[PDB]
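Take this structure, written in structure tokens, and hold onto it; I'll ask about it next.
Note that one protein chain of the assembly has been removed; the remaining protein chains are unaltered in position.
Think of it as A, B, C, D and E in the order they're written, each chain with its own count starting at 1.
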Amino acid sequence: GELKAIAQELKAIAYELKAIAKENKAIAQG
Amino acid sequence: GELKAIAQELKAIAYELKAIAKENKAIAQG
Amino acid sequence: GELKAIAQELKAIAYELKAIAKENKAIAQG
Amino acid sequence: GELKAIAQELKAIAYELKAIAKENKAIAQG
Amino acid sequence: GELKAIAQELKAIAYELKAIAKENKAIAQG
Partner (left out) sequence: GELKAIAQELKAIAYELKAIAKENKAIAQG
């Protein structure tokens, strides 16, 4: 149901934030 | 209902974060 | 209802992320 | 109630994102 | 309860976003 769908989307959000963290570290280092 | 609305907005949020990840990747590439 | 209120704030969050993506792209293209 | 508390925290999150959008716009300008 | 746990995590999230807004403001002002 929709509570699972909500959890799944939060999982996708975490994945994108992890990607942003990675790029911003690269920006800090460069 | 409203739980689906919440799921759909989280989907939109993930989508915008994907876009930020992309632009930051470009910024990190100089 | 508060569930609708939650959905509405998530829509606002998506909107602000969209704006952030827009500015970061401009930084990128700049 | 806790659902209202969640809505309120989301409102605080939207406010901080709006602040970030404003600063990134400033960065883009400069 | 878990609804309280959710509110508490959102509070932590708002806190981190406030930290990011602070740093981006500093970047903007330079």
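Here, a contact is a pair of C-beta atoms (placed from the backbone, for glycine too) under 8 Å apart; a residue touches a chain by one contact, two chains touch by 3 or more.
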Going by the whole complex, the chain not shown touches A, E
Where subunit A meets the chain that is not shown, the residues are 3-4, 6-7, 10-11, 13-14, 17-18, 20-21, 24-25, 27-28
Note that subunit E touches the absent chain at residues 2-3, 5-6, 9-10, 12-13, 16-17, 19-20, 23-24, 26-27, 30
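In this text, only the chains that are shown with their structure count from here on.
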Cα centre of subunit C to Cα centre of subunit E, whole Å, reads 15
Check: subunit B positions touching at least 2 other chains come out as 3, 6, 10, 13, 17, 20, 24, 27
Contact graph of the chains (line, ring, star, complete, other): line
Every touching pair of chains is listed here as A-B, B-C, C-D, D-E
